[PDB]
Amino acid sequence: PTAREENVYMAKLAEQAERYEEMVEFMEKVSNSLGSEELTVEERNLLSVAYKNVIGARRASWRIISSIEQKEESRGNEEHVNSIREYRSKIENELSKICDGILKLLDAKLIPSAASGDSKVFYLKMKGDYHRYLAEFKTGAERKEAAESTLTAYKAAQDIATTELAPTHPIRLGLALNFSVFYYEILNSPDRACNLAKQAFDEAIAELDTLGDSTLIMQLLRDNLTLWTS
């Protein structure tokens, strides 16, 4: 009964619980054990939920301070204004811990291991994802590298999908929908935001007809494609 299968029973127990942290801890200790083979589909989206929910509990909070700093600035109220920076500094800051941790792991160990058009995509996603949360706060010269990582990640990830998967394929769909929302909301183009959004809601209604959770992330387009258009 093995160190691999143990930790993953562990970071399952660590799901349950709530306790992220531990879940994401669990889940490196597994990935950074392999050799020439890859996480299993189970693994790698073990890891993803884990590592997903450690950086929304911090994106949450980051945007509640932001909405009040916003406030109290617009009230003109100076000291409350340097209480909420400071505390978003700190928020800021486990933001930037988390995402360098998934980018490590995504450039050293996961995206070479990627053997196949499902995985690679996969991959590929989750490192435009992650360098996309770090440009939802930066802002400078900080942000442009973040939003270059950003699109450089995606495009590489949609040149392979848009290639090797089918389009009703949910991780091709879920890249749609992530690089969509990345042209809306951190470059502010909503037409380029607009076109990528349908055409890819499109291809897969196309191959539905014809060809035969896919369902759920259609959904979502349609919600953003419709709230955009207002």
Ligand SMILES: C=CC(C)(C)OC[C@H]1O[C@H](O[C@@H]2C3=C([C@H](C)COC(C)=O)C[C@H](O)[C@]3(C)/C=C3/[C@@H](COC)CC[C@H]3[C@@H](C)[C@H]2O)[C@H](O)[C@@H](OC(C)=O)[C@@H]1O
Second form
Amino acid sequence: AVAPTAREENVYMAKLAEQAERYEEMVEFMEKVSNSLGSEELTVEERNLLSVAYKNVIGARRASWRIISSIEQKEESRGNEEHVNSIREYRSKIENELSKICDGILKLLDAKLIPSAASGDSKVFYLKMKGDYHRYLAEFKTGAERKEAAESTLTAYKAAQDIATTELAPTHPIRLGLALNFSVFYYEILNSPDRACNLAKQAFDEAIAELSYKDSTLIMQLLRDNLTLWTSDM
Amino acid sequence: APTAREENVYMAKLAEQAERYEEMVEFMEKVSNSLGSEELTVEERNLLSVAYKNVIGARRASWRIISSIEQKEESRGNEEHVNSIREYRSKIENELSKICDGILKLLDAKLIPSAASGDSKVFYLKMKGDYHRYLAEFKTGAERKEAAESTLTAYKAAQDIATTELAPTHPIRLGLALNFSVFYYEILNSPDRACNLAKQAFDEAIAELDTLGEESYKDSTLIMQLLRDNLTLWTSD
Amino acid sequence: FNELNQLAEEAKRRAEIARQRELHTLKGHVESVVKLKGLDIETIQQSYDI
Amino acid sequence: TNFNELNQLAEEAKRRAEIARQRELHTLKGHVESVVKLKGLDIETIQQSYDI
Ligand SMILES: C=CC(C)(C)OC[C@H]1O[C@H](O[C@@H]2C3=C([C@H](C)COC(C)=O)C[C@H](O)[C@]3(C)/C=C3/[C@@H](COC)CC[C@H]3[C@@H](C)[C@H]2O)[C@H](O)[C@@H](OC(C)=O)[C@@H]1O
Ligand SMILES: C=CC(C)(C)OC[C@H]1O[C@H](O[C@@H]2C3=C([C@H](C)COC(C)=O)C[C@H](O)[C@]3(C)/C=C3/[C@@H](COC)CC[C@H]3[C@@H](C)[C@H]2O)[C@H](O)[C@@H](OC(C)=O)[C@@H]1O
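Switch from the form solved without fusicoccin (FSC), shown above, to the form solved in complex with fusicoccin (FSC) and output its structure.
The complete assembly is shown below, putting the previous chain first.
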């Protein structure tokens, strides 16, 4: 049997891991794929797998964090100081993991993924990633640590948008996905809902004006969903 | 000023809701090591079982997904992928081993011995068959024989005690009936023993609807319909 | 309106049956995952355990 | 109650189910909301937007 190369076995194992809900392994596998490439470009499929792997791994911690915060809100209501401190002790351990994960991918993005990026596409992809993980930090960091994080997010999304907006069609899944997240950053991190509605609505409008499909249409549905949520809430 | 036990139990409940089940196990294990002659309360009991159920459940899920893929690939002649998938099934099989064994030795050293009432004893006997059953699901040949033997021994014990000491409507009794019947179906491949066992446990529960209980009733009611679900599927061949 | 709400109620109840199976059984959980992910995979032989 | 009408209601519910599936699969908010539904968590709705 001809031994599979490191690249091909670990791309396949990432795909098994994803189907199997073994997302920490999926990261392990995609990092092995990344090492077999040095600073050469990942394919579309390879980078999508890598993004999905970190998306899920951090997602799980984002979800845990949101749930625990709601339990803590209810308990701040019900005046249960003892429970509130336990939840707080615990939300912390969660925040350490989020930190650690974020630092991991951010380091890979700065050292390998972003300078590898040839086409605008790929450059938008990676700078979006870099925006997102700084945003995830911003979600829970306090005053100065938040500002640093918000600062790093803006500068990545602004750099992505300046490429996407001039190099990619309004209908491009990555332009679309960037506007989604950039708009969210404004709504949730900066708390500027007018700025958020403006950006989201513009990306949606430019895209609508231009009418492959499947991913674009999903992200456009999400833009619309967000816009309708943010308005009924004004 | 809450105790270290009380604190860990609250911690377990947080972890369950956050879906952080490995930590849930950790917290529940730190509880069952600190206890002496006392057995665990009903709540603690449940927290523990759920934690191991979920930690292990994630892997059983993984195992079945992967197996399904192996069969789609094997019927395509992708030797190459069938290797990777087998390599990977094996890595999971390992995890199932180590988890099953952590809990199985706890059951044997602490939890089972300290079980004083029927309730308590059935609850752990059931758990003992359960994790032997998880081994049987993926083990092969010799090791599977042992697993299957161990399973039958532990369930059959639990059932005699349940049949004499627990109400037929009692969720612990019903739960056993459910898993024991699954055991015969999925591991022993005896659909008639599976159905006979299930239908019986179901029918005794119905014969005694007088004994559904203020808190008991939703749990026992769910399990009853799970037995009916299995039966319904097993009967239609 | 009349037949439609009776329609939704039946749906809601079946949802509730699905929800319990997904929460407390391996089968339910596996099935959700296969549906959610849209895995093109042969139906697995499963029974309910707790 | 008319077939064509029932058939269309089925198609519309199926179209929306399919979007609901993609949200739950691909978004933090979809995922989080389903986890609270599944568990039946006694918590008050978490404020969330969709990100990808
Ligand atoms: C599961 C397998 C993997 C490899 C992960 O693929 C997931 C998905 O990968 C691609 O889709 C991307 C993509 C997603 C799509 C929106 C999913 O589309 C549908 C219809 O389900 C969600 C993913 O996270 C992914 C990979 C990520 C991004 C995101 C990246 O930020 C750095 C920005 C937008 C979006 C882009 C890259 C999408 O093109 C494909 O276009 C999708 O398939 C098609 C053609 O419909 C496939 O479902
Ligand atoms: C998951 C949430 C936590 C907090 C852990 O509670 C688990 C659950 O714990 C109790 O229910 C038990 C129980 C389960 C019930 C059948 C769930 O029923 C309903 C309607 O919620 C499933 C669980 O795995 C658990 C704890 C386990 C067993 C199992 C033990 O084998 C060793 C065999 C029978 C079954 C018994 C012990 C059930 O009584 C409770 O009575 C349930 O509350 C309700 C609705 O009645 C609660 O959701």
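If you superpose the two forms and keep the largest set of C-alpha atoms that fall within 1.5 Å, you have the rigid core. Positions refer to the first chain, counted from 1.
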Would you indicate which listed residue, out of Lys104, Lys155, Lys144, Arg75, moves its Cα by 2 Å or more between the two forms relative to the superposed core?
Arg75
Once the core is aligned, does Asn188 move its Cα by at least 2 Å between the two forms?
no
